[PDB]
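Okay, so here's just one chain, in structure tokens, the form deposited in one PDB entry.
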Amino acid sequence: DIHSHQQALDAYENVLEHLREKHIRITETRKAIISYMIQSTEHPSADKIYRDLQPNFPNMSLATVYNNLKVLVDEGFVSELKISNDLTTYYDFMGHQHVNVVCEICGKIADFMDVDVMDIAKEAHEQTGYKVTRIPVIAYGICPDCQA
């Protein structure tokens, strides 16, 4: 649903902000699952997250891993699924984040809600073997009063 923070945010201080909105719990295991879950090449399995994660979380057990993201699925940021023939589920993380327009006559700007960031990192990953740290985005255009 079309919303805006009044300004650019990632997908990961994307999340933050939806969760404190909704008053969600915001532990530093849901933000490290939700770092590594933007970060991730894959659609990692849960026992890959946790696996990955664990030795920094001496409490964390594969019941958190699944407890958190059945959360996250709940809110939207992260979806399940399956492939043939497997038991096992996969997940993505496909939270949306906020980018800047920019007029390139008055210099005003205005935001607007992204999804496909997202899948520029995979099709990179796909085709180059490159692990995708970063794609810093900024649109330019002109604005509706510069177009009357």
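Residue numbers count along the first chain shown, from 1. We call the rigid core whatever largest set of C-alpha positions still superposes within 1.5 Å between the two forms. First, how it differs from the form deposited in another entry.
Remark: with the core as the superposition reference, the CA shift of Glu126 between these two forms reaches 2 Å or more.
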Given for the second form:
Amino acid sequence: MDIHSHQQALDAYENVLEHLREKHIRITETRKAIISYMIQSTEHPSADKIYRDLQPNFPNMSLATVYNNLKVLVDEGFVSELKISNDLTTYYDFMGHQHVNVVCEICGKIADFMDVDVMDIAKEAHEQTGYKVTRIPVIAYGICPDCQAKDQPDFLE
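Swap state to the form deposited in another entry from the form deposited in one PDB entry:
The text that comes after this line covers the one chain and nothing more.
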């Protein structure tokens, strides 16, 4: 979506929850499960696939529940509906962003930026290693604009 900040670092999962809280959308345990499922998914599952995979942990989950949750995620801009030719089945893919800190090596001042790239790292990590990716903590380092304008320091951090 549009470039913005929540004034703190948030991974993909925590970002979704923050956005949903901002909109006063209730965060059920089922909703958390579906978000995490979609984030971890290394394919583009149908509604039925999501339903079948989460069914054991959630006996009270129905296909309607999955549709309801996907509707929220698609509208709030964290999941896209994809199509394959000749197939009428809708497939879903998580592409939601995250927010990453950049820390000044000299003064320690922190800024944050919106990232959509680490999820692509997660996909490549899975494909090339076979690992089911759990987390990719990322922190950037650099020189803040104010420190760029000053002379070279005698010490860092």
